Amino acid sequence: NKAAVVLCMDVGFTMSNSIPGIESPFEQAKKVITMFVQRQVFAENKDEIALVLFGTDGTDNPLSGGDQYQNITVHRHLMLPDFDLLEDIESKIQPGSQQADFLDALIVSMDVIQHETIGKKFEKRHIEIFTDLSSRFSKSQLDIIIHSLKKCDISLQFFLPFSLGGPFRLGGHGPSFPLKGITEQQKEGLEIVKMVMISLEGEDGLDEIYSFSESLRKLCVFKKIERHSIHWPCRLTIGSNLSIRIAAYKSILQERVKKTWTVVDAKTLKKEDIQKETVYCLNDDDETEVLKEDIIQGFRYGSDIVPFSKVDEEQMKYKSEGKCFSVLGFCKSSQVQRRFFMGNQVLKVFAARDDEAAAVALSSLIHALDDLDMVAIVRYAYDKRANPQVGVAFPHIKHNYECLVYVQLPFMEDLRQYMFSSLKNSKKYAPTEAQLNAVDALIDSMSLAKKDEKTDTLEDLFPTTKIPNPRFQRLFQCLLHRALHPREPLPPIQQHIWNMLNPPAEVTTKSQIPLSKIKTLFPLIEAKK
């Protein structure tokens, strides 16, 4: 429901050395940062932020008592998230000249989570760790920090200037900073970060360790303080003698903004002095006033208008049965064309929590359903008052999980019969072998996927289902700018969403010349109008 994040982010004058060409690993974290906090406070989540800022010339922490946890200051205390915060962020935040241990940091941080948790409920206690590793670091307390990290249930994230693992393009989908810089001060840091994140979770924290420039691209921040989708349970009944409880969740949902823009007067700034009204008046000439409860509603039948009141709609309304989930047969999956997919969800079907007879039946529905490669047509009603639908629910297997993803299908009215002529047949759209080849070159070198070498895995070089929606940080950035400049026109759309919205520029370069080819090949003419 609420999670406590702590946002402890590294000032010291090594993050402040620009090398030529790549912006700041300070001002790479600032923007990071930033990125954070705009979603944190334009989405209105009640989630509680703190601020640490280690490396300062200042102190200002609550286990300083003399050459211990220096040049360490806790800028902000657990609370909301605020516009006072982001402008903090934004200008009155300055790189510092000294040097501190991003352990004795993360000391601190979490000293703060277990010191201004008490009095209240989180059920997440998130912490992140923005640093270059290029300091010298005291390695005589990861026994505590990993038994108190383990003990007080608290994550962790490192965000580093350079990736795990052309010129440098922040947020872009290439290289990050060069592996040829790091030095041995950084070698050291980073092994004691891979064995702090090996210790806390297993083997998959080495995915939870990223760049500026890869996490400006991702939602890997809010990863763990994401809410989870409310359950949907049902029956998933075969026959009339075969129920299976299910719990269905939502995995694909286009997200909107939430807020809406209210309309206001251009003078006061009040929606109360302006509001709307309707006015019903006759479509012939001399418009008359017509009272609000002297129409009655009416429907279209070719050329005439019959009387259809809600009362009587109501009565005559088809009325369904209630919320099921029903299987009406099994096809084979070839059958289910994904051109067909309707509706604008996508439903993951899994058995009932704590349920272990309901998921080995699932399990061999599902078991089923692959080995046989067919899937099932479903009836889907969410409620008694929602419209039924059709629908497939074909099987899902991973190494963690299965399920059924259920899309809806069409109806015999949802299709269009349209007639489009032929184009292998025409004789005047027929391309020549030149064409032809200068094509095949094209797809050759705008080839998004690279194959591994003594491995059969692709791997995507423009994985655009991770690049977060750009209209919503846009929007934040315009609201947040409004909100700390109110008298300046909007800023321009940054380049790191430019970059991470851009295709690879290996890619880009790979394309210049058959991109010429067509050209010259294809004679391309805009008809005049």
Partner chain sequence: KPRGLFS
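Numbering follows the first chain given and starts at 1. What changes on going to the form deposited with the partner chain bound:
- Each C-alpha goes to whichever rigid part superposes it better, and by this rule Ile252 and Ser91 end up in different parts for the motion between the two forms.
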Given for the second form:
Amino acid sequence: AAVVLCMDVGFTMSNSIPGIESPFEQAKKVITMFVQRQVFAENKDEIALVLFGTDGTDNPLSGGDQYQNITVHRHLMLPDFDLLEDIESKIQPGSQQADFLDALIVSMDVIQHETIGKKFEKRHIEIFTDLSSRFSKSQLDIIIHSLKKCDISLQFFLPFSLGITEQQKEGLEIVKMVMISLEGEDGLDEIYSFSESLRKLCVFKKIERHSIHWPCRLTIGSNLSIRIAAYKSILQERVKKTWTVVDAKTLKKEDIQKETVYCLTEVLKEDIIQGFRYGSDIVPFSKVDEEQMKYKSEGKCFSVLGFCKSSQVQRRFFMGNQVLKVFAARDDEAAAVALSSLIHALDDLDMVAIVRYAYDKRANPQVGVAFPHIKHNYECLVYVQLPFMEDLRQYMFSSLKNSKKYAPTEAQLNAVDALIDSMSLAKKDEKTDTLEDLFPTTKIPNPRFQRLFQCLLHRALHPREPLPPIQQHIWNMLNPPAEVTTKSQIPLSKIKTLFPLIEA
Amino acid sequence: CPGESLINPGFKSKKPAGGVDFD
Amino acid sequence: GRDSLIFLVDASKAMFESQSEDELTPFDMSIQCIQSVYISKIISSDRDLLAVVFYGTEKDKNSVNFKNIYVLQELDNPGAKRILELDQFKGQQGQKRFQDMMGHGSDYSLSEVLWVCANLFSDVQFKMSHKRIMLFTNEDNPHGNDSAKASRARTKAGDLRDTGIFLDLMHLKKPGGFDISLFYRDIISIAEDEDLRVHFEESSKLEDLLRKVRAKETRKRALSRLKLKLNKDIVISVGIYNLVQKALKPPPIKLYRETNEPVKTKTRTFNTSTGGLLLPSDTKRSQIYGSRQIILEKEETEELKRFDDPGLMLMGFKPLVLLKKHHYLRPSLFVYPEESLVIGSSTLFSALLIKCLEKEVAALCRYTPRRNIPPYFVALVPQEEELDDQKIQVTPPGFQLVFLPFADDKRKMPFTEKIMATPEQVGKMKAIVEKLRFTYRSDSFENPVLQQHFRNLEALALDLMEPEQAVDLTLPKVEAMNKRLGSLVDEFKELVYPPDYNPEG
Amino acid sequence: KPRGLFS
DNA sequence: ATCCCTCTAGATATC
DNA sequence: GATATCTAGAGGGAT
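Got the form deposited without the partner chain; any chance of the form deposited with the partner chain bound too?
All chains and molecules follow, beginning with the one already shown.
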């Protein structure tokens, strides 16, 4: 995808109400936060920057008085910290006025001439302006035809949401007409304000990985086989890149070496033998002898051992570090019908399937549960690993219900009941038990990656400063909404005076 | 006290395995 | 504390004999039971202490110098050498070896034998949680011959009882029954099973003794001791436990070539330019983004993981219906109050548990297991205590700590079109599902890799001819399933699969 | 529907 | 000081 | 080139 940012640096954006930040500053902030997301989310996208309204003129097209006061500050290339430095420092407001239609002409010229030799699935042009520059509409027809031919999308970012001068009102008329002529009536939803754009770009792009296609066959016995496809659905995501150890005086990873040594006091690597502990004794156990005596299994098995009631498989026994979603084989109507029958049969009987799962011939076989998961767009089985006999810890804890010492009174129970009502994180709506979540905790990006990217970005731009504190907006999304905290001020006070807590 | 391991006191004796037994 | 067990095997006058001629003698049956305990103890708890003492022989090997009692092994951790030593007497070809190095034909006093066992316990340097003695005998006559020493035996037995010794009994084969309570019923712990029958069948609790146990059997310990904070000033102390933990193969040990001794290993980092050595403070961590190299110190790398102090912070209460079963991230933990840190935590913990169960809500909290780790969002699902028909607890009361996933933890799924199945097809599959119903228990399957690994270690340590092959219980019973289903599969395939489909390709 | 600057 | 358990990094196949 | 697994090193608490 190729993105071209067309920003206005005209004189009209320099001055505004002193009670609010200048639109030039807001556009600069929006563009900077967009580049930060692209840099730390390596996706091979190309970004080009075009400025109109500056004193200098630098365009492939010059002609006469037209196509002037516009500069192609940055060509079409991968984003980098050089762009961030140039945006922060080099870019300064101008003093001239330029037609944003003419700037749109140059943006097409940049995106058309510099796209040769490369394949782009999408093409976008972003316009940052306040529509306060006098201009003449005399070419609109050829632009609309050009965009429909080149298949390039547009977005507009105005300092006001969709007390303005008629020039802005008149300028709004053309941009409304353009969006209608390009992408219909819902094109009205593709015009944004600097405030809401700032809100949507306050966080870094979430780490995304593509689950691989894992084909297998769901076997029930020997004469029944269903072709299935499994993908990893939920897992503990890790960082894409790890830290690299480099020398402190040259900053090179090739100038250091990591090695292991064995002492009894010096032993060579070829004079050691693998061994195992058997009680108080040590027995030699050769690695080559191990693989001869290792458990051997035929890999890639998805076999149903049997079906049991859903209530017999408690959620607290789930093990493993992944959740698999099992779909039918791609482009297979016969397999889709067969798998659908199994899913609906399990759901109607409220049963689950106990299956044996092995990733491949090098994988340890597993025993898990496959329960139906039916939605209005798709249906599939969900596989979660189940524990073995050796993985269960049989601990015993003293009971609390029949304890005289720790029996709460009726007054203490009432105080706790009041707290739970006040600290509710969900609300019923429409009188139809429609529970909406006031704190989903599932749409929240992981704060670990947000903090890490903030420190990396700060160090790169300012290599001689300490790490900044955690961003305020990070804390806000890690805390419940303010109305929840306010409502619990009184019930929490009652608990503090009713439950005597003493630290020994 | 019934429900204990004669080998390891403090742990209840574990029922032996046998996997799937159809009804 | 460490478990301690002492086996006391008799060889007085007739434990090398059988009423039949094709079954095991009492002596080697007891030896087989002892060997099974060593193998079970090695796998389960290698830290326990075990010993074998023989009484009624002609010789004596003990630190007390009392005749007719032989201590083959003192209290120590079990090992492969001890099992091999006991193998010298297993069955035939070892009875004469036992009757040559040792021998029957000497009178014994049971009072003195308990004294030797008591002295063995006192010699232990470690702390013993349980001190047990297992009697292996099938003959109760001599105590009736001399009541004077019989009175001393029960007098000594009472002394051992108040000391903390829990003496047990394991009767062996004897014609005419074991005539219990003629002299016994006052030496043993007599906890239960006071059956007046002479027990013509002479194996009461040797069946489970021979049942080998292959599991880690870890004792109870708290994973962490955190503080549950309702707000900044209301703090209670709770303990975190893991009721499920993935059992792993024991790590291999590096051994020297000929002398076969463990070797300590350490990792050193050196610069290849000079061949010297580099301290951990002489290197920096680096990453590459864009076209720039970012350099950070080791301390700064750790300091960017610090968000909150360890503990649980209450965010709010969420209805249980808002927790998705398919939103599983990692194994759940168990939360139980701890009164040894904050006095009064149990009272507040129980009140929260009671109301949460009544209103069917889950306490959503921010979880920081320890210092310098980014927090997760967890839900404390209430969990009521479950009791079986034997009044034995099976589900402890407390809170179930369920990890919730972030936006980064969810993967996008490929687009597929829904294909609804006709009711006829669903009906046929319902019959198939009903045919293969079975009752599921959490302890119904064993890890095939771990079970096979334990057999391999046992075979090599005991130089057996060939390792025992473990039966894989996770393998589907295709023969049984095919018989149960019958013609259902053929009808279902005809209803769904058109007569040109090839599921194998 | 996120596209353009937001994707 | 030893053991247990989560985390990080390293080695090896299919996609 | 990333994806996914099992194996083999560092590191924080519980007792």
